[PDB]
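Colleague: Okay, here's what each chain looks like letter by letter:
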Amino acid sequence: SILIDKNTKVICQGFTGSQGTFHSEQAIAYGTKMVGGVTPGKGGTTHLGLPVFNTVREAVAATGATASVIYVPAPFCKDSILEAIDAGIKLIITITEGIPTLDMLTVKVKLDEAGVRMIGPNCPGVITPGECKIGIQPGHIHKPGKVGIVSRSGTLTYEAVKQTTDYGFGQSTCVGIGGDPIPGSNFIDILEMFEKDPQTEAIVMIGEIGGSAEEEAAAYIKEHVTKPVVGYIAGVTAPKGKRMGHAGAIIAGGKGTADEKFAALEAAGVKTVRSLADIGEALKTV
Amino acid sequence: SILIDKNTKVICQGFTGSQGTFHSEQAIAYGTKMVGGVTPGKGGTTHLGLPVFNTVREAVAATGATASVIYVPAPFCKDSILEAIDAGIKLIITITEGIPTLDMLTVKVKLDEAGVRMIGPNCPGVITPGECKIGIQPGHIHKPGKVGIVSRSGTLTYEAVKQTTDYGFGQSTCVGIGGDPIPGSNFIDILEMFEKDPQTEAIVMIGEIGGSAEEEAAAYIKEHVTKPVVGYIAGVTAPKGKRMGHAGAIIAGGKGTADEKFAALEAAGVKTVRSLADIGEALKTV
Amino acid sequence: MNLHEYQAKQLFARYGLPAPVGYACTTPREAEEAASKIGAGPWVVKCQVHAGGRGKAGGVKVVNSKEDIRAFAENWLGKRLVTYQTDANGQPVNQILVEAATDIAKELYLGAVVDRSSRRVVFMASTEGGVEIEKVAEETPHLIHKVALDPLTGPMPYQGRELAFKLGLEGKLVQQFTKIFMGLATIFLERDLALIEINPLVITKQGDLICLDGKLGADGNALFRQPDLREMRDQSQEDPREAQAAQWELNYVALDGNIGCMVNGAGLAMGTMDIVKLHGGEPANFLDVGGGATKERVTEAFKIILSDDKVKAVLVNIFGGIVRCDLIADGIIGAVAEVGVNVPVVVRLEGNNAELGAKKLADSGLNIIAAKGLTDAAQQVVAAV
Amino acid sequence: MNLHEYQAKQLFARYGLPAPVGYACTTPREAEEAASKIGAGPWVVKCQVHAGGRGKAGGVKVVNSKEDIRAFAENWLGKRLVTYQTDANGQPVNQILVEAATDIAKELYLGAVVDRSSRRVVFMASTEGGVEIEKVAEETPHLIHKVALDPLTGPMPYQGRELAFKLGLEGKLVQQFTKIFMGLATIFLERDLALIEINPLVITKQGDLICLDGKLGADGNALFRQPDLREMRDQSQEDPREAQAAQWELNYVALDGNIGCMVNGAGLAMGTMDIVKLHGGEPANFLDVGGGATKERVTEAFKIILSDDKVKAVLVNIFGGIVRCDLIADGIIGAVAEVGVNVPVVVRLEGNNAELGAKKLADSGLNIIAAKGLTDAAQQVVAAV
Ligand SMILES: *SCCNC(=O)CCNC(=O)[C@H](O)C(C)(C)COP(=O)(O)OP(=O)(O)OC[C@H]1O[C@@H](n2cnc3c(N)ncnc32)[C@H](O)[C@@H]1OP(=O)(O)O
Ligand SMILES: *SCCNC(=O)CCNC(=O)[C@H](O)C(C)(C)COP(=O)(O)OP(=O)(O)OC[C@H]1O[C@@H](n2cnc3c(N)ncnc32)[C@H](O)[C@@H]1OP(=O)(O)O
Ligand SMILES: Nc1ncnc2c1ncn2[C@@H]1O[C@H](COP(=O)(O)OP(=O)(O)O)[C@@H](O)[C@H]1O
Ligand SMILES: Nc1ncnc2c1ncn2[C@@H]1O[C@H](COP(=O)(O)OP(=O)(O)O)[C@@H](O)[C@H]1O
Ligand SMILES: [Mg+2]
Ligand SMILES: [Mg+2]
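Sequence lines, in order, name chains D, A, B and E. What the first sequence shows, in the authors' numbering, is residues 1 to 286, in sequence order. What the second sequence shows, in the authors' numbering, is residues 1 to 286, in sequence order. What the third sequence shows, in the authors' numbering, is residues 1 to 385, in sequence order. What the fourth sequence shows, in the authors' numbering, is residues 1 to 385, in sequence order.
Just chain D, same shape as in the assembly:
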């Protein structure tokens, strides 16, 4: 179990909005400890039976929450991923899609320098079966287990989740790091949190075209990962120089193809599965 658990208290920014409401209502029912939300100009009211504040600080005082999930429109996202960091929140989850690349670029630098953690932005999600859920995903395909999963694609995770529920195994905790080109925490940052964790026996790493955090994770694995890893890369049929949905799923000037990622992920001592059907089948071999 990593990142969160039944004891993690959470506040949500942009709590009074459509997606904010709908997705909180769910985390409320799965039993996540949502303690209240923030929406400037509406402080001093109640929403889903929880309290609503004007600032991220007013909240972190009155509740002592340590993680925040953001459902705020791109144009203002940078301003609240930052207000969070200032009121000293230690775990930031940002759903929002469409944040300007140069905004993230600046934001990341602050994120490291102040020692804070953000997962996302652009449809991420983090769930520890039975205990906690912050994200947009369906909770009934999961079963408390022993496998860890990191993935850029959100939906590809659902496929790998179910295969491991169906083969008994179970998931320790699931991390979707988001599709943008410059994420708040990448593979290596999450791969390490697993290794050092007991509840997790093996790892499923899901990547796709564009960039090189897949490659880099490889190198870091041969050298510092003791547990076993099963990997899957999406996007072989994909054309060059076109963006396939995800802001960061593009092959720029020949770098970051499907194949290299597989290749270099192999010579690292990982078991590559070429059809996301045999994911379960490959885990059986451990």
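Hint data in this document are derived by calculation from the structure and do not stem from the laboratory. Heads up, the beta-carbon is just placed ideally off N, CA and C, and yes, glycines get one too. Misleading hints may appear alongside valid ones.
Said to hold, decoys possible - Computed spacing ranges between beta-carbons, pair by pair:
hint: 1; chain 1: B; residue 1: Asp-239; chain 2: E; residue 2: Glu-238; range: 20 to 26 angstroms
hint: 2; chain 1: D; residue 1: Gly-41; chain 2: E; residue 2: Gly-217; range: 35 to 41 angstroms
hint: 3; chain 1: B; residue 1: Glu-338; chain 2: E; residue 2: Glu-238; range: 45 to 51 angstroms
hint: 4; chain 1: A; residue 1: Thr-106; chain 2: B; residue 2: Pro-157; range: 18 to 24 angstroms
To be verified - Selected chain E positions facing chain B (Cβ under 10 angstroms, derived; list incomplete):
hint: 5; residue: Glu-74
hint: 6; residue: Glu-197
hint: 7; residue: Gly-290
With the hints as your guide, set chains A, B and E with the ligands onto chain D.
Modeller: This is chains A, B and E with the ligands only, laid out in the frame that chain D set:
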């Protein structure tokens, strides 16, 4: 005979250009008294055997010319129509098409205040058969006669010219006032020059949709035109709110249709011909 | 050239004129999100088409919830809207404007154009806001006040105050109205416009002036010196061929009849269409052949006239020009056999070699008729239908 | 989003970077007239398409007479140009740039992008001008120098000099090169750009630096705060459907195979296409269904996938989502109807009521196959071809 004659000396601005050359070469063969041209930066040379100057003033000195024909690109037209006026030329003919409406609007005001005359802009033309030609038209369909013609369309003139050549009559002098919405001289200004002229026995006035100088001419005719007039209006089948080729041939908010022009041109005591085929036939009746 | 509502309001903002707060939107989601960046309800969602009378066609509604905004955007993006100012087809809605609802106290009309007649830029104001000025003009002309801009001095305050007064405003509503007058007047001269129409120019309950809708027209002849405007043209609102024809120096316009015309010169072009209507035919278009009938130019000219299935005959009519009337016939023939022309073609030439050119067409053996003069060519095409 | 050559040179002029003198032209005549406003010959005429390698495709010629310019414009306006960076179709030439010929002494390369790897904006310079940087990169990597913009301080003059020096410039050519560096760098951060590429950055015989060509890429995500740029997009260069699909929150891309895919989520979408290639089929496109498969959204999704004649089967694959897998089947059926789908459709559902939704499709009596899981649905469509 009005505006010009075998004794009118002419200089052409934008004399060294494509259209400038081609069209001068013609006026030079029809025997028009072209005495030289102007092109900034090329003064001190010879072109079609005539002398080329740097400024319109250097020209008007060295030649004593009193009319200038302009073949200069829209973007700079206003600047030379103006330069002409300042070196005191008294008759300006501007072929150029595409001069910004607000440019003409200002230019017209100067043209009145200083007492100068401009015919055009946008494909006009002035020819007195046998004697003079400044314009782009073909000289062999004309025959020295007794009819005067004013028209907004250039090509419609050619039709009316030939009909009057074929019925013996002849043309005194032909004036095409141009198609733009704000011309340098309109119908009334030219209608008067005829009346006061001996060589011209009757008049053919050719108009078209858009504006109201046709209407106004009417009123001025009943009241101050003694000679007889045959009129033709083009554009009945024309749609509302679309510009038909000519910058000023457009029906804006229901004003200036084909019909009203005919109508109000009738009750003025003019003989309206509904098919530009019966133009000659109608002149026969005088 | 015409401009969109949102582009005008955007230009207004730069010169400091007041407009409501809003955002241009290309997707349901963007529109939906705009609600909160704006403020509290309600909001006005408007289709962005060049034509007017959107109001009476259900293209402008006031809504109250985030999802009513969505719903609206889904129902219009990607579809054509037909007002009483468009043709059976309508114009394509590609953007939704979502702006704040304004408290309306009284609707005025403010506008301006170039008066060919008096040769000045003229501004008109009226108490009759929210309606076709044209109606008020013929029906109640005494309710439309005007002032004319002096080209020696540019706009001046007193003119602004003057209208302001005939409109019966008083107090601060006058200073404001003058500000707007001097503003629009400036934009008019600076951006080389051909027309302006703020209708309705509203007076809020709170007692302020504010532009609720804008129609801007720019002078095509001046685009070379208005680069910013050059970029705002939206080809999707005009007939694709109109533009396709300009690339080849051809002035095209579609009507709805069965006989096509290809004539050289705008006067002769309108003249011809009229003489075809005169003998019972319906001209199907107006096409002016600009720079001499070269082989290629004529071709494209056909290519275009014939993209209309309703055509059943084509009338060519060339007089003068810069081409030997024989190379024109040469081109016409080539043009026909290469495009694959079905209908009957009636050429009418006049000028040089004009009578051998006619022969070259009668010998050709295709379906081409050399007409003897104007009144003939007329009846001949009218006949072949 | 991409920008045209002339638009980039226009932006360059605003920040004071040097570019040759030229004018954007939309008609033969306009181009022709430009010759003289420019100066004495010769002149360079260039097609304005988004892609590059126009040089080797005969899209950029140096000419010497007013009519050679005309000729060129008549030959390209209105036609598609195909370089080695476009597809069989090519991109439509709607404007010609006509600018002054520059005396070339030596061609350099200057460019910049966002390095996902080191997380910084990076500028690259090289002595190898006039050629694909990608080649020089894999073939002679020690010839491409770089510097990285610090996000705490913005660009700094020394960085500009360091490159300037590794390039072996000296004297005033350094000050100039630094000016350009600080400029492009500023434009990069201010207009929210994603990429820049001045190739070739020339050194005139007269010893001055000058930008001869520019490729600009803007960050789509930021258009809401770069209104000026929002206006410069030219839909005519991209696949019309791509845009037509965005209006309905659908991400589309055309490939060239025979099996269509409609999947929800970009990952699963790429995942699926790969598993169809795995069993001998050719995916014909990538289509991600954004906001839940409502009846309408699915329809348009088909409407689009099927506008391609090459398709001979469609593979739907929905997992999870915000819709009860039964209303999805309901919509799929209703979609197959309204559209008039002739090929075989293979649905694959997973989630709620997934059980009965499948039945509702087997009962429907159309050509629809409820597959049992992933590896099945695969073979089933691969089979029906
Ligand atoms: S990832 C799953 C699939 N989704 C996608 O691919 C699309 C992801 N969607 C987005 O990225 C949208 O940008 C999100 C952020 C989800 C927003 O959509 P909503 O429709 O929920 O947005 P609303 O406008 O309805 O609500 C937003 C609320 O946020 C408040 N707000 C503004 N500024 C702030 C700051 N700085 N801090 C906190 N809250 C803030 C708005 O006022 C609004 O609340 P209201 O109740 O509407 O006033
Ligand atoms: S009306 C008949 C049918 N025509 C139409 O419908 C189109 C009408 N054509 C036009 O309006 C063109 O704008 C005209 C003016 C005809 C010009 O076409 P050209 O091809 O002749 O233009 P060129 O560039 O070849 O020649 C123009 C010359 O003018 C000189 N020039 C510029 N500025 C001035 C001023 N202020 N005064 C005098 N001459 C001026 C240019 O230098 C050029 O001469 P070069 O020899 O080319 O240097
Ligand atoms: N921002 C707004 N706030 C309030 N009412 C508005 C607003 N915009 C438009 N309206 C109302 O809608 C009517 C029609 O809008 P308008 O923009 O004039 O569309 P159109 O001219 O195409 O009919 C206005 O006369 C006004 O009553
Ligand atoms: N203004 C100019 N003056 C001189 N040569 C030019 C000019 N513009 C382009 N060229 C020449 O044409 C070549 C290709 O032009 P470029 O604009 O780089 O097109 P592309 O990148 O699409 O191939 C240049 O490398 C240069 O030699
Ligand atoms: Mg209105
Ligand atoms: Mg290049």
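Colleague: Please check whether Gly-290(E) passes as an interface residue: C-beta within 10 angstroms of a C-beta belonging to chain B.
Modeller: holds (9 angstroms)
Colleague: Given a hinted range of 18 to 24 angstroms, is it respected by the beta-carbon distance of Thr-106(A) and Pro-157(B)?
Modeller: holds (22 angstroms)
Colleague: With a cut-off of 10 angstroms, does the beta carbon of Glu-74(E) approach a beta carbon of chain B closely enough for the hint to hold?
Modeller: holds (7 angstroms)
Colleague: Looking only at beta-carbon atoms, does the pair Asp-239(B), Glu-238(E) fall within the given range of 20 to 26 angstroms?
Modeller: Distance hint for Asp-239(B), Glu-238(E) holds at roughly 22 angstroms.
Colleague: Go through the hint on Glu-197(E) and say holds or violated, using the shortest Cβ distance to chain B against 10 angstroms.
Modeller: violated (22 angstroms)
Colleague: Could you see if the CB distance from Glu-338(B) to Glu-238(E) stays within 45 to 51 angstroms?
Modeller: The hint (45 to 51 angstroms, Cβ to Cβ) is violated, given that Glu-338(B) and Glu-238(E) are roughly 32 angstroms apart.
Colleague: Can you tell me whether the CB distance of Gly-41(D) to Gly-217(E) sits inside 35 to 41 angstroms?
Modeller: Taking Cβ atoms as reference, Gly-41(D) and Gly-217(E) lie about 38 angstroms apart, which means the hint holds.
Consistency with the previously given hints fails for numbers 3 and 6, ordered from lowest to highest.
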